[PDB]
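Quick setup: one chain, the form solved without its partner chain, written in structure tokens, and binding and motion questions come after.
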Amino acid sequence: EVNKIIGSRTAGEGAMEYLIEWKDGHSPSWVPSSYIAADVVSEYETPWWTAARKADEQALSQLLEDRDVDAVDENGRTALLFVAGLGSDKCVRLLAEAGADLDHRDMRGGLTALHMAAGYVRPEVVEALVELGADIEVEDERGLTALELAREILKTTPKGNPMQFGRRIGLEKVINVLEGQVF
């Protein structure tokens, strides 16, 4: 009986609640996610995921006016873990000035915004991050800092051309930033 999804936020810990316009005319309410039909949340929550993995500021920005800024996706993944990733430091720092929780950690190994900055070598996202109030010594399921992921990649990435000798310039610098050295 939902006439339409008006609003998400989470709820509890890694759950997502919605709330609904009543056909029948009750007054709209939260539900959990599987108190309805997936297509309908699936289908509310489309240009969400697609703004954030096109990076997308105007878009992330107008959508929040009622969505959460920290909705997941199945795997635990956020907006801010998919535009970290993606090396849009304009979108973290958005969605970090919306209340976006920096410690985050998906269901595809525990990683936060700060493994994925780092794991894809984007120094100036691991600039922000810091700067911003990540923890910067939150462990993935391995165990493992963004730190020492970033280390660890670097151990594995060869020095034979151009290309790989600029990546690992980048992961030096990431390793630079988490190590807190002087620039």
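Numbering follows the first chain given and starts at 1. By rigid core we mean the largest C-alpha set that fits within 1.5 Å across both forms. Compared with the form solved in complex with its partner chain:
- After superposition on the rigid core, the Cα of residue 163 moves by 2 Å or more between these two forms.
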Contents of the next structure:
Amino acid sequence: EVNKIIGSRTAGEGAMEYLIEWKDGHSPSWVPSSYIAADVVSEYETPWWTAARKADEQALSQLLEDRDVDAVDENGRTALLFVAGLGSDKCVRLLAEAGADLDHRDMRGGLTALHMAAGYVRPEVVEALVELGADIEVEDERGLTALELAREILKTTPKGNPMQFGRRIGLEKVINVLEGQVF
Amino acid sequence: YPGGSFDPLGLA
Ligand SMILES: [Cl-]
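Please supply the corresponding structure for the form solved in complex with its partner chain (the preceding block corresponds to the form solved without its partner chain).
Next comes the full complex, and the chain you just saw is listed first.
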């Protein structure tokens, strides 16, 4: 009686739940992802997690419809975290418009979009996030905010070194952006 | 951190 997945939503934590279209003709149900066959689930999710990684603006755009925008993988990441991490100002603003939860914390460390944009040193994204209204005071599972984490990474980057000198200017700008919110 | 190292995602 499983015809296809025609929707999704997250449940509890790191756990998907899908809307089922039955062939035999009854009402659509919601089911725990583990109730249905793996390769059914896979063909549904795989496009999303592919696009998220390639930070593909338009794929994401059409895949949006009945899918939950904050669909989470097994580590509690959503496509917003991946795209923040890759620097796609666009994919961030797209997912933002669609209604993605800016303050989402993953479960392998408590990280958020901002922590990722700061971590992978993504100044433009950090700007977009603050501007779209992300909460900059949110803390990761070490208590560190996004800002503190830039500070912490910066400290440990070799100072009089011509090779890591690029990241240096990078981290500074991240910090410029965020501090302009606190002070 | 392990140095400057930071790839919680896995992009390497
Ligand atoms: Cl950037």
